[PDB]
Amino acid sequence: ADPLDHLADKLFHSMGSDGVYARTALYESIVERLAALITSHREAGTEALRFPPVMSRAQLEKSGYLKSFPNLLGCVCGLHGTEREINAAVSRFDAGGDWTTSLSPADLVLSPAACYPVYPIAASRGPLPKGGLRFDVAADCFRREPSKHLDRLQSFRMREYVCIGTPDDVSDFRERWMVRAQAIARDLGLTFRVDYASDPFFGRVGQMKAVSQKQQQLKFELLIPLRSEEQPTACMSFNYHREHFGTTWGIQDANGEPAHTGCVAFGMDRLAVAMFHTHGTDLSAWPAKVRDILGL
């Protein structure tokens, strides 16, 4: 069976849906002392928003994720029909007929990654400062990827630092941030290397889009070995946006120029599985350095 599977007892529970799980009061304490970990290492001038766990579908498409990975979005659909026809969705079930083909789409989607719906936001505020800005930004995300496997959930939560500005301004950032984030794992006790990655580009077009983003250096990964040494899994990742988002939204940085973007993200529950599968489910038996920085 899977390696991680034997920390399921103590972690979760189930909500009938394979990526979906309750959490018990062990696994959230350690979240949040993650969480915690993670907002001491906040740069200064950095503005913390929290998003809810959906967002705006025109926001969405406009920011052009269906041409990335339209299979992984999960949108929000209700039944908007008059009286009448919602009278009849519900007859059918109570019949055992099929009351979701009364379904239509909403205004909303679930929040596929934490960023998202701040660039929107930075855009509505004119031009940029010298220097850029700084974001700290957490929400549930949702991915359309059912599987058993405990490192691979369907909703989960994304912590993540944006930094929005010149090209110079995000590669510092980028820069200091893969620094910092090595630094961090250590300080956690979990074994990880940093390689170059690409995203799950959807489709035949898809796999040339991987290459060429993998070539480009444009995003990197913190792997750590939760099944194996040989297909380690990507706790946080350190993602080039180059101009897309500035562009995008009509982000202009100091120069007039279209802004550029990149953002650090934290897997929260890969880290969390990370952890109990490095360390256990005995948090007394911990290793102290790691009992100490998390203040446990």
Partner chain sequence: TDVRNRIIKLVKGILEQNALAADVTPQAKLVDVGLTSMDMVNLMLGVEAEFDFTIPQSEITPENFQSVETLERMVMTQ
Contents of the next structure:
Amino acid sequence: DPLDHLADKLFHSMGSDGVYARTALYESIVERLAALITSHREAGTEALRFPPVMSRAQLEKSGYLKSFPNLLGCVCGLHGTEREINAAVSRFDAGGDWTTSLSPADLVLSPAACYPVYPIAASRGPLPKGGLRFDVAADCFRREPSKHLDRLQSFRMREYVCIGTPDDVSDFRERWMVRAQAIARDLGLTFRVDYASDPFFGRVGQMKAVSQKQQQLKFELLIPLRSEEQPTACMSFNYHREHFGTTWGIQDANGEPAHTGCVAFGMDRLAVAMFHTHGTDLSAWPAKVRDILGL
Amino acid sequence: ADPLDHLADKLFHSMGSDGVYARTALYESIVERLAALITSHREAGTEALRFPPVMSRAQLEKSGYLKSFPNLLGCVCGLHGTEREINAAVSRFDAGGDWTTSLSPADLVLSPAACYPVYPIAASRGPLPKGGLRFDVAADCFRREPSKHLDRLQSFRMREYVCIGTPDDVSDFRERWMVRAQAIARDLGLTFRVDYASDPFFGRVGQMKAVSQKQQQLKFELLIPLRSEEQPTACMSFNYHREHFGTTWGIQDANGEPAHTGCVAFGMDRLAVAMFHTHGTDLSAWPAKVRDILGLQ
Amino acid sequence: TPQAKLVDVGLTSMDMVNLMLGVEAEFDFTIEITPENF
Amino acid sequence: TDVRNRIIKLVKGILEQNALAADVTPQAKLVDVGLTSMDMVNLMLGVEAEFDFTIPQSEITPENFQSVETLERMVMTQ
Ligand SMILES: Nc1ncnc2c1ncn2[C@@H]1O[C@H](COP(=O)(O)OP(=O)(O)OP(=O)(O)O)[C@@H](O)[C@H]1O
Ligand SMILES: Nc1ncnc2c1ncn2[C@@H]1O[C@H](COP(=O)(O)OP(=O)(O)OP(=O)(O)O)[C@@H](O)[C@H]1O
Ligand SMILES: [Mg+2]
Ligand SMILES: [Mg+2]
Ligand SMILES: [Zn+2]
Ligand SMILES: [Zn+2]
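I have the form deposited without the partner chain already, so could you send the form deposited with the partner chain bound?
Below is the entire complex, every chain and molecule, led by the chain shown above.
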């Protein structure tokens, strides 16, 4: 794979495909990218930071199981009595399988950064005129093991989320689609923006995707990393219509079920794209890119 | 009426689960400044690694975590069955039942401590050089202990400096970090004491391990009174592991003996909460020396 | 119209779901499904 | 009893012999003798087996397991 040569400078094996320790070099660029993204934040945007886990009931309510049940990581634990736990530990001691004593907690590993913001917004009552904007980030998890450096199981996501009338969200997404392309250009990256679909699970899912692409509810900024024929989506621009507004009873300034949308930056994919494009020697990066990143 | 509870309004938002909170911009700005201050004290030659919130289950099992804190471990499970089985699980959910019966464990756990993944990484490099190795590691950690107290989270940030070498390399390292960490706490204007302590091992035999740990003075904590001076909150720890990880991972020091290890751990969320409890949630009203040390201006 | 794009008339995702379902009710159709043929 | 005492010193001396040797006196602290954690675990079991009793978890403490003296004071109180 074309990205493989980057591994030695960027990552250390943690004994599991798609789960890597990050070197100081790699993390310094993730951090500069995060700061660059922050510097483009629209005024009036509330910044929240989420932990890597969230409420299972909240995610269930958001409908994640109808779309990507195969990707979800659930948190489980030994919730039994001391006797039960002791037997589990005893099985392990003998080289047996202690994991049969696991049961699910009330938490999952977050599959996207924006999910927890919808109930938070809803608890504040009706939206002001012009809607609400959030800046959120989380370490996310998706159960898709791969050896490719651009397909991780645990990865950082940063999102700007808009909640408001259809016009609010639509204007928001157009601003960000232009703005994201300008950022990518300033970073010296090669890309195109195209219609896309989320990878819905199963038969019905395949038709959800067609309909998603047809309605143009999702654009991606695609960067050629392993090939020009199969580029890597490093950002997405998502329009959810009234799905979350209805789900969470959020109503806009006009008494209608709010529309929502988000712009998502895959922080590890952008960093990997930067190293693939510019190499692992920062002093050699183009001067305009170094300046843009404050290097 | 916990004395910390009033801090929630400015610092956190509920995420529908005790010990799991969204962090406000105010809160995160201080965690980040605390992180930068700790970084400014990093010793030259210390290798910085950043770990994700999950790690290899096999690695964690091998390190002995189950025999110590089986009850705190969070495992990753998923729907690993066929498409038919997964669709059925979701349909049971749709019909008021429990989809989670179709879950099976993955090969990953949520990391209970930042340092665990560093030992196999060190081991893979062969014999330690003289003087040993030093690491700066960080991770979002998870411990299954729900609580409504803002100083006891289920998901929290840990920053550690880790030493791997001879017993002398490690005790020298721990000695110097105990002094420096106290200086940092002092610079932060925090009220604290440092005392020997033990890890909450599990079960009756676990009690004896704890007794021995306290007797051998393998663990110090920097304790800050948040709710009371009677039950203070451990915001840093200074841990000596003896040869446990060295033998487990086959790490040999420069004399060919099984390496000793130790770490100084900073609880980033606890330190931040300590700061807001101590100095209040108005940053402009913080002491000038504290604002200076944190580069708040 | 039998030329009008399916999504233009107002058939969103759940509509298209039942549309794949409805076309099953007619014949041997078990449809996998691609963007072009819709 | 001098029985409990000399017997405790034996199991302490037996576990000690699994690595090296030293001088074991009643007021000497077990940790100073050289007992590690698995030693203290093994010693607690070698005592619970020797005297046909179970130590209440409430009594598994540094106070009672400080020295041979403090230990016999615990064994004998049962
Ligand atoms: N497995 C992954 N590894 C790394 N980054 C990822 C991964 N999945 C998603 N991201 C990043 O998160 C962003 C937002 O998430 P989104 O759900 O839009 O991804 P996606 O549409 O599933 O993609 P793909 O077809 O690339 O798997 C993506 O644009 C990408 O940059
Ligand atoms: N539940 C938690 N919430 C927040 N921070 C925590 C939590 N557990 C540990 N930490 C922080 O991270 C460090 C972890 O090292 P350590 O394993 O020594 O914790 P601990 O000994 O379990 O603590 P405690 O007695 O408070 O449960 C602690 O010093 C503390 O600052
Ligand atoms: Mg994906
Ligand atoms: Mg604990
Ligand atoms: Zn989103
Ligand atoms: Zn540690």
